[PDB]
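Trainee: So you can see what is in the structure, the chains are spelled out below.
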Amino acid sequence: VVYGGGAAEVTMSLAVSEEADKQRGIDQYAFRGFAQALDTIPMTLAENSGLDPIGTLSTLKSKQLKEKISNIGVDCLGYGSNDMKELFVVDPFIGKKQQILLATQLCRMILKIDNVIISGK
Amino acid sequence: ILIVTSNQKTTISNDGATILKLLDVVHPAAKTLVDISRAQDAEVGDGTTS
Amino acid sequence: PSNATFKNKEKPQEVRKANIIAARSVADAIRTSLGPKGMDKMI
Amino acid sequence: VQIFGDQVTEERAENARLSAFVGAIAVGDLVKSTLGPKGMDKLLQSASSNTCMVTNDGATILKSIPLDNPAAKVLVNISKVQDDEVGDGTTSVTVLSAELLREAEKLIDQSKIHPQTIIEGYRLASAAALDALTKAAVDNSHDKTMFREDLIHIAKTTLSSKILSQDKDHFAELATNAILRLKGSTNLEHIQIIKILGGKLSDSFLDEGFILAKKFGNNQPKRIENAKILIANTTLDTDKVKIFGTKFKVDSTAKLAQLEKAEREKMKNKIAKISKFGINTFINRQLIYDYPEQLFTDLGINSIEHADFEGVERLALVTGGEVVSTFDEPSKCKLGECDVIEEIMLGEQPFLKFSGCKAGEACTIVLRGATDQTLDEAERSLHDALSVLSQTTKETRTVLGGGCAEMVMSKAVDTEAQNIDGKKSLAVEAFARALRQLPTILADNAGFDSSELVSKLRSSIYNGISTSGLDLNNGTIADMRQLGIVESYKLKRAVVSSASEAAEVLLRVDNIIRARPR
Amino acid sequence: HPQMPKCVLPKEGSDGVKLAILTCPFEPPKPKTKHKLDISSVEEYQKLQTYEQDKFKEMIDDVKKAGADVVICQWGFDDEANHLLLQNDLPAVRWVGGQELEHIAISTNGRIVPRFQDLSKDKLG
Amino acid sequence: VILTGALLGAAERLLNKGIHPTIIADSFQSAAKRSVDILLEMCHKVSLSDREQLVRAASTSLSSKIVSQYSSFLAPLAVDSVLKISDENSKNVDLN
Amino acid sequence: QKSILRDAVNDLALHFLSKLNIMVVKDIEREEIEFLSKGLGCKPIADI
Amino acid sequence: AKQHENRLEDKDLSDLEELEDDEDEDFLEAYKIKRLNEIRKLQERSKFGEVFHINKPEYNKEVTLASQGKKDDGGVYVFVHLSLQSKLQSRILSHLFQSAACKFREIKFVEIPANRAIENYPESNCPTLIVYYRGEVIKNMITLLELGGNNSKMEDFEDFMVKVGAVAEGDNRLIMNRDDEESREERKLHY
Amino acid sequence: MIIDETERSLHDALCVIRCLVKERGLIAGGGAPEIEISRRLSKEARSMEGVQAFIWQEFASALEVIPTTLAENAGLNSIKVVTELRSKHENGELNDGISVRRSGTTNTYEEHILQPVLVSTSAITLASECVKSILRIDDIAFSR
Ligand SMILES: Nc1ncnc2c1ncn2[C@@H]1O[C@H](COP(=O)(O)OP(=O)(O)O)[C@@H](O)[C@H]1O
Ligand SMILES: Nc1ncnc2c1ncn2[C@@H]1O[C@H](COP(=O)(O)OP(=O)(O)O)[C@@H](O)[C@H]1O
Ligand SMILES: Nc1ncnc2c1ncn2[C@@H]1O[C@H](COP(=O)(O)OP(=O)(O)O)[C@@H](O)[C@H]1O
Ligand SMILES: Nc1ncnc2c1ncn2[C@@H]1O[C@H](COP(=O)(O)OP(=O)(O)O)[C@@H](O)[C@H]1O
Ligand SMILES: [Mg+2]
Ligand SMILES: [Mg+2]
Ligand SMILES: [Mg+2]
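Protein chains in written order, with the authors' numbering: chain E, 439 to 559; chain D, 51 to 100; chain F, 6 to 48; chain C, 3 to 520; chain H, 251 to 375; chain A, 97 to 192; chain R, 289 to 336; chain U, 49 to 119, 132 to 251; chain S, 385 to 528.
Bound-form chain E, shown alone:
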């Protein structure tokens, strides 16, 4: 299992950013687009919960880069602690994996389309 709720996403994100730095050229900018694309999920949870996305995103990026513990995410119910060990939240690995696989595999098909013919009914 994993621990989602922005945690997973934030983790993934810092990972990608470091790797992006280890990459030079047209590829780095990409990796950066994949990093910022993963950040939209916890920012959406921060937007719906009313918390500031600036303080929320900056705290997760700064904290997760410092500490190696990767189960801290966006607390939407307004608790005082963001550590998800105490909040009783668990998600499966096969479920969170398919979000990235079916998304990145679809968008390859969406980007390849050049000619778009729509026969009016």
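Check before you lean on any hint, since a few could be wrong.
As the list claims (entries may be wrong) - Pairs of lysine-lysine, DSBU-like flavour, derived with a Cα cap of 35 Å:
id, chain 1, residue 1, chain 2, residue 2
1, C, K268, H, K280
2, H, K282, H, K371
3, C, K272, H, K305
4, A, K180, C, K34
5, D, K59, E, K535
6, C, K242, H, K315
7, H, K297, C, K336
Rather than coming from a laboratory, the hints here were simulated on the basis of the structure.
Go by the hints and put chains D, F, C, H, A, R, U and S with the ligands onto chain E.
Mentor: Just chains D, F, C, H, A, R, U and S with the ligands now, kept in the frame of chain E:
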């Protein structure tokens, strides 16, 4: 290439074999490219666009 | 948290998005007319 | 860009919301006049076949009226299932659900509180309300005299809003006596509603035994003393033999005449099997042909044909016997007995009246009135009364009515409003004002001042006493135990639970997607 | 039939109610193919009345031999058949969907009989 | 029918006079209930069969139809039709 | 009686009754059997 | 124009022989071979001819599979009858099925009790006549007040079969077109 | 057409006699019982002193339409005829009413204008129940 026929069913493809099959061609001269594409698809199965 | 201000209004940000896309549509029409490699536009 | 298609209405976060609330206001203002004892009945005119319908029940008003609003369809369905569960109190669900959204409209606009925060206040407020409703109840059924009196008060409280409000002193005896005759069996199919034109509303009389709209045969007598009753789900019709696929091959018509003789001898032996018991009447589910009908003449047996499926169980339970079809073994299947089998006439249609049966587990409510619209109101009125009193047999706990249940529930909600920090405490108070708005509406329909009686009732109950209520006849506060106003515990529990879920569904909305109609 | 008891409990031993599940309903036996039964003079007409009357007697003895307490079929029983079950304190449900019939046997640790001649104690619920 | 419309005409002006409809409705039910008791004192009982009263009552009760002037022989026809069915319990005589 | 399902009379049956000087009628309503039986005092017949 | 078409169109294989001496052989025999082939097709399609008293398990096959027939879209019409012996109209409709079954052998005539057909279907609703064709319900007919009610006749039932497309309008088996021999005899004398 | 009228006409004659055999009461006609109920309730109304009494005055006034309608159909002046109904009823307690043949007021029992009490009872009773149902209506909403 994204094609949508009159029956409103999407069909996305890269090879020219089924793209030309979806577009019902009226002109006989343009049907020559469609016949060789299906013939190349039937015989070999590669190079239908080239 | 629950005490946060919802602000009751999503129509303003949607109208601003409609204006930005409408403004970027015509801005991208004349993007290829800049520099020595620009192209003329006959209207 | 355009994402839905042609002729598709879409709304986003300011047209989506405030379209359901105004729909909740639109559906609530209709049923506002129908609430209470002094409420006015609404008349529904159909669009086709010029069919009119006079009805006071909020569920039936919403059944017939078309409503294309999606938010109003939620109120249409919750009144339907509330009529399915209890049968009474559908108007209170629609009023309380609309006023909860009316208050929440102000909390979203004025106080600027998130919708999810409003629900969290309603969860704690609803829990405190049901806990006060559980503690405010009182046990019953230990003394049959008190259980008899409480059903009379529940029948008076239910029929006070319907057309039987003036004659509820007489109809309360008719309503409560039929329920005690059920012997615990909770089912409404055992009660018949016979429509008779003529007379006045108070002419409805309690029947001893069971009465139905059937008729004797052509040759049968009028009166038989101490008649044994039998019920056949049989086919005394052209029986055929059931191995469908039988045909008759005939070489000569000599044996075909003897074959038809065997068919008449086959049914003769079947009617001879009936006479082994020595019954005095014979009740069949379907039509009886003439040749069986002539055979009951010399044997001294009455005949009743074309009995409904419900009428079989409704007559068998009063008789006490069981439905028999084989007629093979006379040892088992002991039949009942009835003293008076003489029919009577009420109007232009004769009805077979029975009297002096073994058991009265099924009943029949004879009604008299002027217009069929009044009889339809009489049917729906007593159906709500008998439905509430029937479920009171299985669920014993009750609660005081007259608006005291709403205010005593809001007392614990207001008590638990102070110790809750955050912005949801205002939503907890919004739930309290929703409970207060029900007795505010009871005073409006009666034509008296609402702010004074609500203020006097609210200040009186916080002093320490919890038996006060609204007396709309005199227009002042009085003791509900003296007037004898009490309702069931499951009714108000279902109303508060359904109204809490009603506001929860419509408050979790942000967009409306209305596809193209067929 | 609505006169049957609502709640059915077990008696002194064999706490399982022995739920018998059936595919073929309480009906006269006949083949699928089109057929016409040639009925002769009055001797054969009176004989077939005893045939079906002995069939129901053979039917109720077969169920009581198996010792079932609840019987369910996918199709409705005949009328006469609805009363014959009610006499021996043997309730029945009728018209149980075909897709719904298979799920009942799995929970009850039983198996559906194809016909009534193979009915025995081991295959009851 | 005539009377009803008349009482609705009485209730028409009473609605303008600031009286509730339920008070107007209950007043007619109490007034109608008293009206029955007044006629029960005024009505006179008759015998089981009386040609002087029944024939004259049947003729003067039709009073509007085409056969009212033919009632010299049809009013005895109606009395003789019902008198064949007689009972002391005052049953509802069926016209079948 | 009316007897829409099975033929009430035919030319053969009318001929035998014509010699015996017996009148016959058809198209009798099922509801009027009570009136004819109780009026004329004749019980119905449904078997020979 | 119609005078030339009435020689062939308005004469069956038995009536076409009248024009053997008058009309040309090649003109007549060319059409007789055509009409003879049509008669052979009806004989092969005559898979029925008596009322199929069925039961439910079977409905899922007899009523519907048949309606598909060969599935050459060889569709087959299947008239179902939800019988109820207590009703008077049901026994009348059962007689019409056996009468029509002896004539129209290509059309399937199905009968079943209404109590065994649908769970708790109202008894009042039946006698119910359903017409299947290629698995689809062509007509869900209600009680026979439309077809005269208690006074329903064989002529009214045959007219209903023409409306649903089960029998052609100019079919020689229909009583509307099947004029009596005495009727045609008077026409020839008065001609 | 008149044969259909003669059927329902004789149905009224059998039904009127059916009212007499089921209930032995017999009262006069020709505007007799309508004025009696309005006269007897007028004395009882003034002694009550309430808003219910004011409704009973209109109940007594609206009940006088039956002899008023008889005056208009006969062509006589309603006020002159109804004035005679008031002048003769304080002494004549019953059987005083209108006779159409002479076109005036006379003793109806001598002229043999009688009717059952159940007819007038059902008229006053059913009329009050119909007004009870109509006045409770507040809205006219279209439905399916
Ligand atoms: N109580 C909670 N605390 C923290 N995170 C939560 C909580 N509830 C839900 N989440 C997060 O919000 C996400 C919401 O997913 P959900 O909306 O239920 O699935 P879907 O998006 O398919 O409808 C989850 O992946 C989870 O990580
Ligand atoms: N990995 C590669 N590197 C370079 N050239 C390639 C590669 N793969 C394919 N090609 C060339 O590009 C062309 C691709 O043909 P393409 O249109 O992709 O497939 P098809 O011809 O079957 O539709 C071929 O002519 C091939 O010579
Ligand atoms: N006689 C009465 N006196 C005071 N209040 C009453 C009386 N009868 C009913 N009520 C009040 O009317 C409210 C709703 O009554 P109810 O029977 O549910 O009407 P409806 O069936 O139209 O919803 C109850 O909450 C009750 O307190
Ligand atoms: N011969 C008569 N003279 C005076 N008044 C009559 C006579 N016959 C009937 N009436 C009056 O006419 C009124 C209406 O009677 P009628 O028209 O016969 O009622 P319906 O036709 O509805 O039975 C009665 O109230 C009665 O008093
Ligand atoms: Mg390739
Ligand atoms: Mg109520
Ligand atoms: Mg009259």
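Trainee: Kindly indicate which numbered hints from before are broken by the structure, ordering the numbers from low to high.
Mentor: 4
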